[PDB]
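Next comes just one chain, in structure tokens: the form solved without nicotinamide-adenine-dinucleotide (NAD).
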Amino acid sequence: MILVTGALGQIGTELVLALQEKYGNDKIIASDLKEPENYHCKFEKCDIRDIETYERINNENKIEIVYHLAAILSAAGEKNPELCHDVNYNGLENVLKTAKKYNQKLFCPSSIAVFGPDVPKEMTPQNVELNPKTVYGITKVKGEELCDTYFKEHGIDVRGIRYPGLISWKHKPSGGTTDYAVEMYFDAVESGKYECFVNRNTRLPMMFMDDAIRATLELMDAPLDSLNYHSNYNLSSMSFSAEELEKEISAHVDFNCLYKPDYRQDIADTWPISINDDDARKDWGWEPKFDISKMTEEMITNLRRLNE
């Protein structure tokens, strides 16, 4: 059996489906804080910080693999640093201890947020110093370190990816730092108007969800002896600025974009532009398939459909 925490989030929504297709619908348990009505997969509600419920779920269900996507992201974390630490650090510790107890295999992601401006912004290498300027970033470095401790000291096969910004249509914008990319598609198609919350030159590493979900599954499938990294593989597809995305979208759809930055700018400004993921490409055969063209075709085709 396979458990997905944070199953209702941007990533979890699509990861559950992909795991159901790969393993069988019967092998996947979704978990998150609240049970939604008419949900399409077996669901166990849980606050990730609640170890006795979390324990019970893993005990009662015979979970052997956990994809741990529960998290407070960067923007929410700058606003509420206490909550961001509690969920991201203590939640992760609950997953780790439980994996040790039940001998589980784990996927515990990180983020390009581990990086600060003291290391290269272009093609950030795998092994640079990690000095993040965000609350979330700091939680992610601590998480990488916990995971690698569990690997070293307790022999837990835990694996992870430093996810870049992820673009999808199947989940609605979650108010997050990278979410200007998603919001721009939705508002372009729905109303022909978008107010972007970062400036027009804001440039981040980005990836279409299909590629990120595939990378996750591929990494989890790899022979353990092939991996030279565990919790924290850099992973890359695209890097583009907000105006470059506007221009790509405008080739399909008339829309007027206005730039009005807010506090999220100051998060995005402390992050790299692009990421060197050679270790992922080498160790376990990573290659993305969605460039900005193909991504924007999927996004616009599907958003148009939803707005008929």
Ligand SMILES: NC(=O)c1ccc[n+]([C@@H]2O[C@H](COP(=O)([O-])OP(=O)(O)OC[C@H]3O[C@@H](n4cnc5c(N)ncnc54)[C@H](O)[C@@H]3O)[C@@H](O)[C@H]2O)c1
Given for the second form:
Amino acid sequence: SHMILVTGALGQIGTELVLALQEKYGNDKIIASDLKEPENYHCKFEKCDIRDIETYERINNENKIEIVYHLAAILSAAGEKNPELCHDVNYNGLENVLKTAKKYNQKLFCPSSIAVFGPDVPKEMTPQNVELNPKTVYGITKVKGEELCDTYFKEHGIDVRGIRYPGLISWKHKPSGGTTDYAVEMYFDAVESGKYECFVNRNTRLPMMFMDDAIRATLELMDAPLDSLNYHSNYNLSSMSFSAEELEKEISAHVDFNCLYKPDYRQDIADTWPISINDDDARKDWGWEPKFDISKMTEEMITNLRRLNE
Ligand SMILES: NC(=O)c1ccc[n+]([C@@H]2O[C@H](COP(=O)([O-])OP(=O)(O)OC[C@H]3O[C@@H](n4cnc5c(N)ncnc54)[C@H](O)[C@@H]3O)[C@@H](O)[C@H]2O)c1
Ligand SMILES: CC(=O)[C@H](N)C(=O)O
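Moving from the form solved without nicotinamide-adenine-dinucleotide (NAD), what structure would you give for the form solved in complex with nicotinamide-adenine-dinucleotide (NAD)?
Shown next: the complete complex, the earlier chain at its head.
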């Protein structure tokens, strides 16, 4: 019963989230936005740079937007290579979203990342409330973003919600600017060729989640009654934790492939992140439970990628 805008709509999450929202609420309620207008695209679409407050505001007020799912960002690897761009898009873009929400009395979904954490806090089952001392440019943007969001909630009364997503795995839109991207790439290349060159070492172990779980978590959190929530911008959220070679082994149980490990600069990013996450507060406050383990995710990835390679 509300007009919804999705920023970053053409990216890894947005490709799936826009369709989920159209189905849940109707096509007449969803507006998609990103930098460049796509050909052959069903959802209504408005182009915008998230840093352009004038155009962003216009899209919001001309479409009577009441809820924003804010996915626009620069991710961890692209951001480490261009730190000024990363700050500008992630922090100034978020501030534009928040200022607009305050003007127009909007509800928001503004995600964070497991990149908020650094190596000074536990790597296993990282708690919700530990200090956030990230060692990446992108992680610092996400910490600043959490704090800005929580100011807008407390000071300004804006109902902004967010999740520290783990690495997300999907087949519909292959990622290209992150660090957890190896997991997707490994699926794609295993099925397309039976070989992969992995950009992290074989023991790299990170929190991961299948996209259907991440999308469902997003929608469930957004549907929760506000008074049930003890956290706002920054829920920890968990599903899986595995190493690169463990994923290789799972994939190899379906298709012949062999993986070679050739780390690059993204190792130095991954090394600074936890292995797994304590998401009790999500599970307690709003009933989170993941549904896809590594086996089930692998079946879905491989079946769809095989189809796409026919
Ligand atoms: N594994 C993951 O995918 C993951 C994990 C944790 C957090 N997140 C968070 O989820 C959100 C979406 O991530 P994603 O993986 O879909 O990213 P993505 O890079 O696939 O999509 C982001 C989109 O933002 C757009 N964008 C970039 N700069 C822009 C600008 N100046 N103005 C407007 N649009 C701009 C891009 O064109 C892209 O389509 C981000 O906040 C990200 O930090 C993602
Ligand atoms: C840290 C993440 O979750 C993200 N996919 C990235 O690799 O930037």
